[PDB]
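Next comes just one chain, in structure tokens: the form solved without the named molecule.
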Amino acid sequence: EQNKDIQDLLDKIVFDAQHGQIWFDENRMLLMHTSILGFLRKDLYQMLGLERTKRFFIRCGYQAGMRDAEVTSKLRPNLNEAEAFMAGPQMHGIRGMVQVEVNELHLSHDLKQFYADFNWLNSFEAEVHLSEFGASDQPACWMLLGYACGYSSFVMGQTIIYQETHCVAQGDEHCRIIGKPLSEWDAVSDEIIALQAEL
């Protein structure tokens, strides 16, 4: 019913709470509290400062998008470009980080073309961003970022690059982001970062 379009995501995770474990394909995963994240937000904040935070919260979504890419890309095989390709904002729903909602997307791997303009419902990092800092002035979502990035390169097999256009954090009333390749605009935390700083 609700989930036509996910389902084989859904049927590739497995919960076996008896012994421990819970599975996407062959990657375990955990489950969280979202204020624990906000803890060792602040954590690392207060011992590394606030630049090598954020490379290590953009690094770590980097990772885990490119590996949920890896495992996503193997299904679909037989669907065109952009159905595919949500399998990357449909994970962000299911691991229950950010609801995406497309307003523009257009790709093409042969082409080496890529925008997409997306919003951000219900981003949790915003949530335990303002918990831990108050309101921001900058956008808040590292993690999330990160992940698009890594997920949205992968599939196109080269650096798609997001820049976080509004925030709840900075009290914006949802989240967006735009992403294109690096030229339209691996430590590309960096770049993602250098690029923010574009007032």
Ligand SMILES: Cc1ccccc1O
Second form
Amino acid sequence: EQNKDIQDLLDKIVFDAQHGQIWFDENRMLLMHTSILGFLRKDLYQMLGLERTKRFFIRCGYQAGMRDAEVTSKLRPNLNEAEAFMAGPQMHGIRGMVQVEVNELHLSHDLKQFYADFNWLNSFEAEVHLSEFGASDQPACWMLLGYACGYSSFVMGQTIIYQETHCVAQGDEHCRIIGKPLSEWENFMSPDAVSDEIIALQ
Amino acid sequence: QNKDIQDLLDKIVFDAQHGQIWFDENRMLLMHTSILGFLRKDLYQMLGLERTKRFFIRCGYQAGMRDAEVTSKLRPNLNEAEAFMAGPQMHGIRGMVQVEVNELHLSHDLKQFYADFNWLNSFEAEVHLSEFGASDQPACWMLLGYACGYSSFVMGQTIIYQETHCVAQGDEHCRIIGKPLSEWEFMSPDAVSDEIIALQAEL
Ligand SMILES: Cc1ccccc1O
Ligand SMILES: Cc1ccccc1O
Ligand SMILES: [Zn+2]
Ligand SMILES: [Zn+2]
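Mind sharing the form deposited with the named molecule bound? What's above is the form solved without the named molecule.
Shown next: the complete complex, the earlier chain at its head.
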């Protein structure tokens, strides 16, 4: 049944197996093993160190995020800014990456305001980090953080930074994140400048 | 229908509300092909052709291996061909590539294998062109490693494919040939990748 909330997203997704294809509207898509991100993670971790590995993965989340936001942005006009926005959290779910449970979410584009506080349930990345590195001294959902930052930044037309305050990878129960405009914490290829600041986590 | 794809489809669970997708006990991610292209380029720019290539093949190898573990559990009332086909059928469900069989000759016990396949709508050739323009060599690294991996597992031995024509070199479609390592003019997954690259430059 429904499950009616995300139905305009699913509608957009076509599975043509006899032809080797999958579509999210115009965009072509793949169904993948999380192994290939696990591998990328092990590899890069040792070729470059952690810092550069971390950045890379925020970058890749970021571009995914931006992309989903592009593809969904005309999509919900008879709904308010927030029911719209949630497009992002929802795709993250559809794509089998993480479950988004809204603790708080308020946003106004014109007022240039944003506050998101979300629980992140069964993060695919947290699993993957643990089964290659074990318990981390810090939160490890880098790709999911990037996507968050990427997706939101587009929808809000301004830079929006998130901090994972709890992570299953540190032995918290579930991961958790808070997101505000850049301006409200402490102190293009603008896309790559943003990646850098998500790296200054606390 | 998908009369012969069905058994595979019945191992794949879409749990949208929970952020989960499953194949058997394995998690899966829906991803833009254009993000793969970006990944490919960025890796290129950090480590070079050899390593990028090396990575994508090692990756494909692993996924191919895991799938073959998963599909080996099923199908055992059928014969080694109809069973083997689970692999190319997976590549299709995964939205990766479309497989068309020219010739297939296999016997686990005989240690004989020979595959000649066409690859019809290869995502990898697409994204390669986007990033790199026309190529001097074939481009389907991940698809190839997966071919090698799936096959190697399913037979008892390193089967090695060679991409013979690639859409990215301007060919009409991509095509492959698989033979056992020995028939080429061991088990280490990172050695398999070396053997594939070493070969493609001795031809
Ligand atoms: C927190 C978040 C924000 C936007 C899109 C996805 C997501 O997980
Ligand atoms: C998935 C697969 C397996 C073996 C050979 C080709 C191919 O596409
Ligand atoms: Zn986490
Ligand atoms: Zn190709």
